[PDB]
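In C-alpha coordinates, the next block holds one chain alone, the form deposited without the ligand.
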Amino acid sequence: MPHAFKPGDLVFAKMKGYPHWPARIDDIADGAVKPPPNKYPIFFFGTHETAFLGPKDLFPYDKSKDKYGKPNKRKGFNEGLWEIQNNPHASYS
(Lines of atoms letter the chains of each structure in order from A and count residues from 1; the text may use other names and numbers.)
(Lines give C-alpha, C1' and ligand atoms only; values in the text may rest on other atoms or scores of the structure.)
Protein backbone atom coordinates (compact mmCIF):
# COMPACT_ATOMS: atom_id res chain seq x y z
CA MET A 1 0.00 0.00 0.00
CA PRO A 2 1.21 3.61 -0.66
CA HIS A 3 3.04 5.83 1.83
CA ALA A 4 3.08 9.62 1.99
CA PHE A 5 5.37 11.33 -0.51
CA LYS A 6 9.04 11.48 0.51
CA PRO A 7 12.17 13.12 -1.00
CA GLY A 8 13.39 11.08 -3.95
CA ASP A 9 9.98 10.00 -5.14
CA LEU A 10 9.46 10.34 -8.91
CA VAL A 11 6.21 11.87 -10.22
CA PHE A 12 4.52 13.74 -12.95
CA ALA A 13 3.56 17.10 -11.43
CA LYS A 14 0.64 19.21 -12.65
CA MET A 15 0.65 23.00 -12.84
CA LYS A 16 -2.12 25.05 -14.48
CA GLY A 17 -1.43 25.72 -18.12
CA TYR A 18 1.26 23.06 -18.32
CA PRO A 19 1.16 19.36 -19.29
CA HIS A 20 1.78 16.83 -16.48
CA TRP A 21 5.53 17.24 -16.10
CA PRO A 22 8.39 14.79 -15.13
CA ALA A 23 9.56 15.80 -11.66
CA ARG A 24 10.85 14.58 -8.30
CA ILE A 25 10.20 15.38 -4.65
CA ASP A 26 13.30 17.27 -3.55
CA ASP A 27 15.01 17.36 -0.19
CA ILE A 28 15.33 20.71 1.55
CA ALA A 29 18.99 21.63 2.24
CA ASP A 30 19.99 22.92 5.67
CA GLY A 31 19.41 26.68 5.70
CA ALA A 32 17.23 26.65 2.56
CA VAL A 33 13.69 28.04 2.25
CA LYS A 34 11.07 25.52 3.43
CA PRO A 35 7.78 24.90 1.52
CA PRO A 36 4.44 26.10 2.90
CA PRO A 37 2.45 23.65 5.09
CA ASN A 38 1.10 20.54 3.33
CA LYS A 39 3.25 21.36 0.25
CA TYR A 40 6.32 19.60 -1.16
CA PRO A 41 9.32 21.07 -3.01
CA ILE A 42 8.97 19.80 -6.58
CA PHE A 43 11.97 19.79 -8.89
CA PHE A 44 10.92 19.76 -12.53
CA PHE A 45 13.23 17.79 -14.80
CA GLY A 46 14.40 19.50 -17.98
CA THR A 47 13.54 23.06 -16.84
CA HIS A 48 15.28 22.41 -13.50
CA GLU A 49 12.70 24.73 -11.88
CA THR A 50 11.26 24.30 -8.40
CA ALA A 51 7.66 24.88 -7.32
CA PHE A 52 5.73 23.98 -4.20
CA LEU A 53 2.80 21.63 -4.75
CA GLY A 54 0.41 19.45 -2.76
CA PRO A 55 -0.49 15.75 -3.43
CA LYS A 56 -3.51 16.60 -5.60
CA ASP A 57 -1.07 17.67 -8.35
CA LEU A 58 1.40 14.77 -7.88
CA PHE A 59 1.03 11.54 -9.90
CA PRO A 60 3.45 8.68 -9.11
CA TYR A 61 5.75 8.18 -12.10
CA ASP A 62 5.53 4.38 -12.47
CA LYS A 63 1.70 4.34 -12.53
CA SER A 64 1.43 7.38 -14.82
CA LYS A 65 4.26 7.19 -17.35
CA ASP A 66 2.24 5.28 -19.96
CA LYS A 67 -0.19 8.23 -20.05
CA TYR A 68 2.08 11.19 -19.45
CA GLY A 69 5.57 10.17 -20.58
CA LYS A 70 5.37 11.09 -24.26
CA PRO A 71 7.28 13.90 -26.03
CA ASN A 72 5.94 17.46 -25.78
CA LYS A 73 6.84 20.64 -27.65
CA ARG A 74 7.13 22.68 -24.44
CA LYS A 75 10.61 23.98 -23.57
CA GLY A 76 12.61 21.48 -21.50
CA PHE A 77 10.03 18.67 -21.52
CA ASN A 78 11.92 16.12 -23.66
CA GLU A 79 15.14 16.77 -21.71
CA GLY A 80 13.03 16.17 -18.61
CA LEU A 81 11.78 12.78 -19.92
CA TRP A 82 15.41 11.77 -20.42
CA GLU A 83 16.44 12.82 -16.91
CA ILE A 84 13.60 11.09 -15.09
CA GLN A 85 14.26 7.85 -17.02
CA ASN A 86 18.05 7.86 -17.03
CA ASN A 87 19.38 9.78 -14.02
CA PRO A 88 16.47 10.96 -11.83
CA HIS A 89 18.55 11.28 -8.66
CA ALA A 90 21.48 13.30 -10.00
CA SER A 91 22.49 16.80 -9.08
CA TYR A 92 21.18 19.23 -11.72
CA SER A 93 22.74 22.13 -9.73
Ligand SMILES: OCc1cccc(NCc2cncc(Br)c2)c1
Contents of the next structure:
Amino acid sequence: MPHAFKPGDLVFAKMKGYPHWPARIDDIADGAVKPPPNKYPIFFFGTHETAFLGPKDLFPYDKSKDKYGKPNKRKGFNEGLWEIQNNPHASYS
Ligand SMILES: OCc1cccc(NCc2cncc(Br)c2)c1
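Since the structure above is the form deposited without the ligand, I would like to see how the form solved in complex with the ligand looks, so please show that one next.
Below is the whole assembly, all chains and molecules, this chain first.
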Protein backbone atom coordinates (compact mmCIF):
# COMPACT_ATOMS: atom_id res chain seq x y z
CA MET A 1 0.00 0.00 0.00
CA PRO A 2 1.29 3.46 -0.92
CA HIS A 3 1.94 6.21 1.59
CA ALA A 4 2.35 9.95 1.42
CA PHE A 5 5.67 10.94 -0.08
CA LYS A 6 8.61 11.05 2.31
CA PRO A 7 12.28 12.06 1.94
CA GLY A 8 14.15 9.47 -0.10
CA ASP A 9 11.19 8.38 -2.25
CA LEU A 10 12.13 8.05 -5.92
CA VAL A 11 9.89 9.41 -8.68
CA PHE A 12 9.62 10.79 -12.14
CA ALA A 13 8.56 14.43 -11.76
CA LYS A 14 6.69 16.35 -14.47
CA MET A 15 7.08 20.05 -15.19
CA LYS A 16 5.69 21.90 -18.20
CA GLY A 17 8.08 21.85 -21.15
CA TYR A 18 10.21 18.96 -19.87
CA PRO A 19 9.95 15.16 -20.08
CA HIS A 20 9.01 13.26 -16.94
CA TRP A 21 12.28 13.62 -15.07
CA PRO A 22 14.08 11.27 -12.63
CA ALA A 23 13.98 12.81 -9.18
CA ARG A 24 13.73 12.21 -5.45
CA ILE A 25 11.81 13.70 -2.54
CA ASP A 26 14.30 15.75 -0.51
CA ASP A 27 14.37 16.90 3.09
CA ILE A 28 13.82 20.49 4.17
CA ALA A 29 16.87 21.79 6.00
CA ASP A 30 16.44 23.63 9.29
CA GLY A 31 15.31 27.19 8.66
CA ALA A 32 15.14 26.77 4.88
CA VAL A 33 12.08 27.82 2.90
CA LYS A 34 9.24 25.29 3.23
CA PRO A 35 7.06 24.22 0.28
CA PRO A 36 3.54 25.60 -0.23
CA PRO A 37 0.69 23.47 1.15
CA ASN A 38 0.79 19.89 -0.17
CA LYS A 39 4.00 20.43 -2.14
CA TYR A 40 7.36 18.74 -1.77
CA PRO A 41 11.02 19.61 -2.39
CA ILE A 42 11.85 17.71 -5.59
CA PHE A 43 15.54 17.18 -6.33
CA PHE A 44 16.08 16.49 -10.03
CA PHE A 45 18.87 14.03 -10.78
CA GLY A 46 21.37 14.99 -13.48
CA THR A 47 20.71 18.73 -13.34
CA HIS A 48 20.81 18.75 -9.51
CA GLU A 49 18.15 21.45 -9.22
CA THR A 50 15.22 21.60 -6.79
CA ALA A 51 11.60 22.63 -7.29
CA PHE A 52 8.45 22.57 -5.17
CA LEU A 53 5.86 20.25 -6.76
CA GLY A 54 2.62 18.61 -5.70
CA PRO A 55 1.74 14.91 -5.89
CA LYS A 56 -0.23 15.28 -9.14
CA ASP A 57 3.16 15.76 -10.85
CA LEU A 58 5.02 12.93 -9.03
CA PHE A 59 5.08 9.41 -10.49
CA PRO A 60 6.55 6.64 -8.28
CA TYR A 61 9.70 5.32 -9.87
CA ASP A 62 9.19 1.55 -9.91
CA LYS A 63 5.70 1.75 -11.44
CA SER A 64 6.67 4.35 -14.07
CA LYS A 65 10.25 3.51 -15.10
CA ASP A 66 9.24 1.38 -18.11
CA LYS A 67 7.32 4.33 -19.56
CA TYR A 68 9.52 7.30 -18.60
CA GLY A 69 13.02 5.81 -18.29
CA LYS A 70 14.13 6.13 -21.89
CA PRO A 71 17.28 8.14 -22.70
CA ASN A 72 16.81 11.42 -24.54
CA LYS A 73 18.75 14.48 -25.67
CA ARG A 74 17.72 16.93 -22.93
CA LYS A 75 20.70 18.27 -20.99
CA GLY A 76 21.32 16.27 -17.83
CA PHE A 77 18.59 13.69 -18.49
CA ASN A 78 20.77 10.65 -19.18
CA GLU A 79 22.99 11.44 -16.20
CA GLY A 80 19.79 11.73 -14.17
CA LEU A 81 18.73 8.26 -15.33
CA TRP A 82 22.13 6.96 -14.25
CA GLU A 83 21.91 8.61 -10.82
CA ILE A 84 18.43 7.33 -9.98
CA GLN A 85 19.39 3.79 -11.05
CA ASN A 86 22.88 3.66 -9.53
CA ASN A 87 23.13 5.97 -6.48
CA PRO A 88 19.78 7.69 -5.83
CA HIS A 89 20.49 8.56 -2.17
CA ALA A 90 23.98 10.04 -2.58
CA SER A 91 25.01 13.65 -1.99
CA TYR A 92 25.07 15.59 -5.27
CA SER A 93 25.62 19.10 -3.88
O1 LIG B 1 9.85 26.06 -12.98
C2 LIG B 1 10.79 26.10 -11.92
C3 LIG B 1 11.99 25.24 -12.18
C4 LIG B 1 12.69 24.64 -11.14
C5 LIG B 1 13.80 23.86 -11.38
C6 LIG B 1 14.24 23.65 -12.68
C7 LIG B 1 13.56 24.24 -13.74
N8 LIG B 1 13.97 24.02 -15.04
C9 LIG B 1 15.15 23.24 -15.39
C10 LIG B 1 15.02 21.77 -15.06
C11 LIG B 1 16.06 21.07 -14.47
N12 LIG B 1 15.99 19.78 -14.12
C13 LIG B 1 14.86 19.12 -14.37
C14 LIG B 1 13.78 19.74 -14.96
BR15 LIG B 1 12.17 18.79 -15.26
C16 LIG B 1 13.85 21.07 -15.31
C17 LIG B 1 12.44 25.03 -13.48
